[PDB]
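Working from the sequences, and respecting the hints, build out all of it.
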Amino acid sequence: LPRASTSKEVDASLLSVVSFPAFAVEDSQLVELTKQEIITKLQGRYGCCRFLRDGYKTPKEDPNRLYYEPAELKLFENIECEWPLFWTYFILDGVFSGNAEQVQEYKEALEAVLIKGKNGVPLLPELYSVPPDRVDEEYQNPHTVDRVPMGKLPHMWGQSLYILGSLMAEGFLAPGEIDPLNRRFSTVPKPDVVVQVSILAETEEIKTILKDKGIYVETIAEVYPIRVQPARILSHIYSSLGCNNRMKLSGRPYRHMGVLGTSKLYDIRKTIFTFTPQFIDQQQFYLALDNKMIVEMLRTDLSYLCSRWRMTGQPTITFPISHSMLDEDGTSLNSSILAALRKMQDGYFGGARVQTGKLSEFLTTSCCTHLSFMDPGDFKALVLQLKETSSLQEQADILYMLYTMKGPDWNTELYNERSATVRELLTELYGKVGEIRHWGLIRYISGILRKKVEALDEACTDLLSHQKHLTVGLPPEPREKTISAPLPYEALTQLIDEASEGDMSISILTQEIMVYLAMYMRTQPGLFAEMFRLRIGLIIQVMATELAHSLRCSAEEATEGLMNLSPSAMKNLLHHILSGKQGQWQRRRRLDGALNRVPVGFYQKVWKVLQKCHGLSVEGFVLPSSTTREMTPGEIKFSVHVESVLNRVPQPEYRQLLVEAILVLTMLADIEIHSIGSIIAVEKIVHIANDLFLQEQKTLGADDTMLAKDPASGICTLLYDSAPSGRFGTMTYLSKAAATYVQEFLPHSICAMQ
Amino acid sequence: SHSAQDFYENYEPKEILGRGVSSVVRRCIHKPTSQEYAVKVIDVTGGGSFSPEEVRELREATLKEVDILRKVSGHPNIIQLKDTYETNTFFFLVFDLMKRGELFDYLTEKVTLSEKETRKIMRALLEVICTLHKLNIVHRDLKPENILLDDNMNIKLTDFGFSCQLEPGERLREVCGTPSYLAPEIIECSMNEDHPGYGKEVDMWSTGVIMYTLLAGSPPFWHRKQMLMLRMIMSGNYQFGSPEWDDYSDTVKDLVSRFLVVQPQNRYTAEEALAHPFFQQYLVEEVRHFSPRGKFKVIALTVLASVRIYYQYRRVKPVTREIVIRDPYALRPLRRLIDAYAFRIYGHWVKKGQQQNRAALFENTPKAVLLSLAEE
Amino acid sequence: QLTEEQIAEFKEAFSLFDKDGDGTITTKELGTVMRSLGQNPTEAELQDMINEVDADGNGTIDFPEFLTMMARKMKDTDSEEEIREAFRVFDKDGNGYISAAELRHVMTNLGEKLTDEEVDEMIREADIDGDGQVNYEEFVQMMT
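Residue numbers (the authors' numbering), protein chains in the order written: chain A, 246 to 622, 762 to 965, 1051 to 1223; chain C, 10 to 385; chain D, 4 to 147.
Among the hints, erroneous ones may be present.
To be verified - In the BS3-like style, the derived pairs of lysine-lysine whose C-alpha atoms are separated by at most 27 Å in a straight line are:
hint, chain 1, residue 1, chain 2, residue 2
1, C, 304, D, 31
2, D, 76, C, 304
3, C, 376, A, 1153
4, C, 326, D, 78
5, A, 1077, C, 143
6, D, 14, C, 129
7, A, 1178, C, 376
8, D, 95, C, 262
9, A, 965, C, 304
10, C, 143, C, 234
11, C, 361, A, 965
12, C, 108, A, 435
13, C, 49, A, 537
Keep in mind the hints are simulated off the structure, nothing from the lab.
What follows is the structure in structure tokens.
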């Protein structure tokens, strides 16, 4: 809401959304905030500008030329001409709901900017252009120089809007006539909604088990007038609405169905139909094979359904108990399931009120939808080895080999009576894989079947909308990709496959991690602070290294253990890593460098110090100070430029040392009031500080073994071990080295004063 | 212990405000008058993972809590339990919605505090502890994380979960709390069973240790290993750093030293602590009658102060950039800036528990071969 | 550890510093008492003193700040300089001895409404040798 897009800080076109046409907004505080921001930022003398740094109708830019060259330093600053359309929107916005004095003020302001033409009638000019001669004065005194009209002015849009506003203000028409749908009451709060939940038994054994513990339900039978089927049938049925053969129309394309669609009842040819929620589907992914996962998705869906429910009538949810919800012995339901049902009872579960009962009572009070469009108008040796051999590992290996070699769809002829295809055998493998709960090959066979998780694109767009840049693949580049814009489902899948290469399981792991990140972003959007770019491969490497350290095993053993880990355990590990909760300080520095958790104001301080020097060179590469006028601190390109400059070194410890030295240099620059006028090399600062620390430690009397040397960086590991603050921390040494370097390039005078 | 429907139709839930081990804090509004409150939803069932014995002990503990908060209600500096509701699965305790977080966030953000707010905070704490001791009620859980802050810098104690009544003539022999905040008596009682027990002296020790961590910024006693930490807690050799306590008055140091005393009998009480000159203040008085020697003394001290203020003013030293190159930790602003920046960079690694603490960031020891000698 | 009579003398002194009872020393009153004895600090100097004595920039001084600033142990050298400066203040006349008349002018400058008999009793009780003058040793031992 506050920003029109990721590139424009503010746009005056947001007024139309939050005014007379198409009222779609909530949290009126946001309305007031955006109105005040627009008034403070874009208001001028005879109107307002669309957005900052627009060069339309300017004495520069060479108007006969398009495709603006990247030379917008100051040639389009504070000279945006004007647009009275946002002014003429304000009078209507004020006169609509309850404002009168604002209406008179805006009308008085607008009458002064009017131009009288033929026959003496109001006429609204398009824009007022700055004179080509008085341009330097405006740069020092903005909104002070008079302007002249420029361009066409038969503006039908603004004139019609002004005429409509004047007619409405005259009192001839009421606000209730323009909108008969009553769209002016979108700011009225809705108190709450009660959710209804129905419980069914899959067979008689399940019903007996639930009645053992005191839960009374009815089986799938005994409700013959009512039928239940999954939601994919509902989607396939909906894929026939609005189809025409003469006009070449194929109807609605196939798409997934949310909880908001399955909650309501349906009527198909004088019958009652109910559809179960999508997240209890086991033929798509293995996410529904975990009970705690089912519980948390159920709680989230319950909260979401109770939140909006902008429909009429109470909702209805059906949660049948399947065979997979029992224990290992199959004689009782799991503890989590019985706890969830008991919490559903007594009318409080998750964050909503839950009322249970039977479908007979819920029929008289529930939303019903009437559908009318549905009315009638030697490989043989390998096969033998597969048949005779045992163990899931060998079976999976031989199936994968045969699928890659000759059997994408070829019949293995394993059964002389039934033609058993490779895909057929792979599918029936899931049946025995699910019973053992062996999370070591289910991912492998899922990679063979190339199963794709539904609703990935919405998760990706949700992650992108938070001003974050996503990344797929392991380093280094060009193999690293950068998805900066939303992509189609097929394009995203193929990009993921190309980034994943032939490792196969990497694609499934990346999809899983993306799902976890999307799920956790909504609930707690505060743990992603101090991070700008998300890289999946670095994350997986971090988890592998952490597991290897925890188990004190080899990398292969750590990867095998990570693959075996349950999805809930993977979520817990991801949460632990994200929360952040010799060998102690070095590990912290390595983790921080791997996740490059920069402070919240690093870029602003970098820009501020850059404003008082010619640049900051790192290992030959230099960042010129001329970039300060070509960009702004809020712009993403500056941030990615500094990140690209910083990540030249591969060692995370070096990156952290660089960050600390830059921060201490920015702090120290405040005390002095002078211009260095020279290139500052931070590696020299780090080396000088390390040498000073080495000399001090040698003076103290430490033996050589304590003051060791790194194999490929030249920095003592005890320096990495040193705490930041304190009288013996690295901060003091870095400050001393920075002061020495500054003195080395100073005109024999510091004149420090604060 | 009213029925749940009254709570359902009386208070309306809202967004989360905090999370805990097994409970979450959620804001609620009282429909008749639209006043805001904070509720504590406790799941006695514990998501179905609790054995019935654990469930029953949780209900008993919650009930004894509720009945111990009932009696203490009335003090303006204590939590007010507005309403309670009980079900077979949940407890709903309605409290006042304060505004901000605990003292932990304030201390982390401001690194160290000054004496101006410290005086008021510890005056309020001494008043509350004196009131509690008068009511023959002990708390034994005095922690910075158990104090909430208002918009007007108002603090009220909470988390009485470990509080219990003490019959006269009785001596408790139980061990609880984080290892940093035990007074020596609990440690001795844990090690040997022949000691009679402890009393309100543990509250005084907690007050002293929170004094020290509020002033210095780091706990007086902390070390990566537990058994040694217990050892030099037992020996009791708290020390003040050289370039850390060179800008503080002697009265506050004396009060702190009086607060922590190994002998339980010699420890200062709430009234004796409140009688200290550190809290001394005057409003108006005209009954000062005395001998001329005192008049000479007062005029002499007046002249002395009037001539000493100028000399104290002139004692300031310039920026001395050369000393900055030599040693920047000597200057107070430089040390403050370094500490603030270090806290800002690594402020996401300080949480509850003995594993991570504020003292882990500062390193005042001359790291050298002397680190070889750790213990026996 | 302080005692009750010391606190009484301290509050009497703090009341004497503040000519108008307000609860604060105030910049104007500090300037007035500075000029009364014969010194002219500038406004910048005065605000420097104010920000140095106070823990923040409120620009005001209260009772506990004076407790803190005069309960300090000044050792010997700095205390020796302070007592010499106090002596020189009391020694406006180049004689090196303190008489009843000099005390009279000093109290009048500080704003004390006393009488000749009171100051005579004061100097008689304070003096030990009975010569009518106070020596350095007597002054330093009295400073307790």
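Against the structure, the hints come out as follows:
1. C:304 to D:31: Roughly 25 Å separates the two Cα atoms, so the pair holds.
2. D:76 to C:304: 22 Å, holds
3. C:376 to A:1153: Given that 27 Å is the threshold and the Cα spacing comes to 24 Å, the pair holds.
4. C:326 to D:78: 20 Å, holds
5. A:1077 to C:143: 58 Å, violated
6. D:14 to C:129: 21 Å, holds
7. A:1178 to C:376: 17 Å, holds
8. D:95 to C:262: 40 Å, violated
9. A:965 to C:304: Not OK: residue 965 (chain A) and residue 304 (chain C) at ~64 Å, beyond 27 Å, violated.
10. C:143 to C:234: 38 Å, violated
11. C:361 to A:965: Answer holds: residue 361 (chain C) to residue 965 (chain A) is near 10 Å, not above 27 Å.
12. C:108 to A:435: 25 Å, holds
13. C:49 to A:537: 24 Å, holds
Checked against the numbered hints listed earlier, the structure breaks hints 5, 8, 9, 10; every other hint is satisfied.
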